[PDB]
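The complex is shown incomplete by one protein chain, all other protein chains being positioned as in the whole.
Chain IDs A and B follow the sequence of writing; residue 1 opens each chain.
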Amino acid sequence: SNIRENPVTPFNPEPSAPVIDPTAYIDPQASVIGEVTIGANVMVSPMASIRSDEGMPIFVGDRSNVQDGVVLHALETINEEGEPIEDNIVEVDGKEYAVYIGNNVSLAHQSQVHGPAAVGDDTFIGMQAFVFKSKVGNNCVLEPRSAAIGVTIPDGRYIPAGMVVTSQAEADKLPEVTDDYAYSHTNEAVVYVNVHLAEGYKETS
Amino acid sequence: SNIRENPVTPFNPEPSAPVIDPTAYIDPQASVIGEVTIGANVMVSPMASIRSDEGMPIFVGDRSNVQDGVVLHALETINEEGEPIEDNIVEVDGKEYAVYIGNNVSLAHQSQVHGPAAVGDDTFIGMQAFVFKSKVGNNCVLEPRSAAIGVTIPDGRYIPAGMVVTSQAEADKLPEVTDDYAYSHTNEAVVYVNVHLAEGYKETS
Partner (left out) sequence: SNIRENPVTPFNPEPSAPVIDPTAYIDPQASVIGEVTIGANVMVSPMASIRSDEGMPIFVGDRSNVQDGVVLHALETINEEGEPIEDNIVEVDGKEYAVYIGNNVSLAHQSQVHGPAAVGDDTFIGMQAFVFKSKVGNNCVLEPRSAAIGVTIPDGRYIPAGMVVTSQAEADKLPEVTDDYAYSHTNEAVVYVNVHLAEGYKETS
C-alpha cells in the first residue's frame, strides 16, 4: 500500500496512520507515510512523497495541491529521551506542527517544503522551489527555482525566479505582489483547476 | 496501471489515452497520463511523470529520452467555457501542442519542461534544468541547473550551468555551441545510449 503507517523508533513510540479527507485524491503512485493530515479536495499527484516519520504532524490544508515529485518531510521534533526539540516545531494558531501547509496552497512540480516550515493560505510555491526552516506568509509567490531558508517571508511578497533568500534582511525587502505582477493570479487559477482534477480523478477510482 | 487516461473535467469533456509507439519503453515505475504521444525508440525511466490532463497534447518525438524523475505537465489550454487560451499553446509546423519535445532530445534526470513549451531537435536539457513558457531551438544545450523562462533560445546556443534566463535580451546573447565546447557532443552520445537501453529494456518485459 502507498498509504502507510510510520515505523516504531526511539523518537516515535506509537505508529500513526495518515488522516485523509474522503474528498481528497491520492494518486496510486504517490507515497504518504505516518502522521499526516490531508484536508478536503486536496490533489496529491504521481511521485509525490509526504513522509512524516520523525515525530509531529505534517498538515496539508483544504483545497491545496501537492504536485508531481514534491517532497514533504521534517527534522526530528522529539529526541531519543522524549524531549521536544522546540527549534524544529512551528506553532500555528496554538497548535504545533513539523510542517504546516495552509489552505488553497499550490506546491508545484518538484518543489520541496522541509520542516520546520509553515506556508500560509493562498500561496504559490513554484516549480523546483525549496522552503526549509522558514515561515512563508499568506498570498505569497515563490517563483520557480526560488528558495527561502531560515527566514520569515511577510504576507503578500514574491521571490523572483532563481533567488535563494537566506537572511531576514533580504526577506524583509522582497517586492510586493501587485495586480500587474505576472504571477498575481496564478495560484487562484491553479487551485481552481486542481480542485476540479481531484474530483475528476476520484471518479475514475 | 501506470499508463492511464485523463479524467473528465470542465476543461476536458473527453478522456484520452496515451498513444505510444510499440518500440518505446515505458518503465513500470514511470507514470504517463492523458493526451500524450510518444514516438519511436523513446526511453521513459523510473519516476518520470508525463501528465497531460489540462487539455492539448504533450508530444515526445522519436529517439528522445525522458530520464528519472523528469516531469512534463502543462497549463490549461481550454478554459471552462470551451475557449482556447492561445497564450498557453505552442505552434509547431502548423499543429498546436501544450508541450512539444522534438526528435533526438534528451531530458536528463530531474529536469522539467512545463507547458507552454517547445524543445527543438537534438537538444540536451541538462540534469535538474527547467523550461517553462519558452521555445528552445534545435541543437541547444541547457547545462545542469540552468533554466529558461518566458524566452526563445536561438538554435545552437547553450545556457551555462546554474544560469536562470528570464529575459529575451539575455537569451539573445547566449554563447554558441562550438566543436570545442565541453557539451558539444553530449546529446548525440546520450541519444545513442538511450536508444540502445530502450531496446534492451524491451527485451526484459
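Simple rule for what comes next: a residue touches a chain if its C-beta (ideal position, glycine included) is under 8 Å from a C-beta of that chain, and two chains touch if they have at least 3 such contacts.
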item: Contact with the hidden chain (one of A:73, A:135 or A:196); value: A:73
item: Residue touching the undisplayed chain, where the options are B:36, B:127 or B:177; value: B:127
item: Touch list for subunit B against the chain that is not drawn; value: 27, 29, 45-47, 67-69, 109-110, 127-128, 144-145, 161-162, 189, 193, 196-197, 199-201, 203-204
item: Touching residues (missing chain, whole complex) on subunit A; value: 2, 4-12, 29, 31, 33, 47, 49, 51, 53-54, 69, 71, 73, 76, 110, 112, 114, 128, 130, 132, 147, 149, 164, 166
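Assume only the chains that are shown with their structure count from here on.
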item: Separation of mean Cα positions, subunit B and subunit A [Å, integer]; value: 26
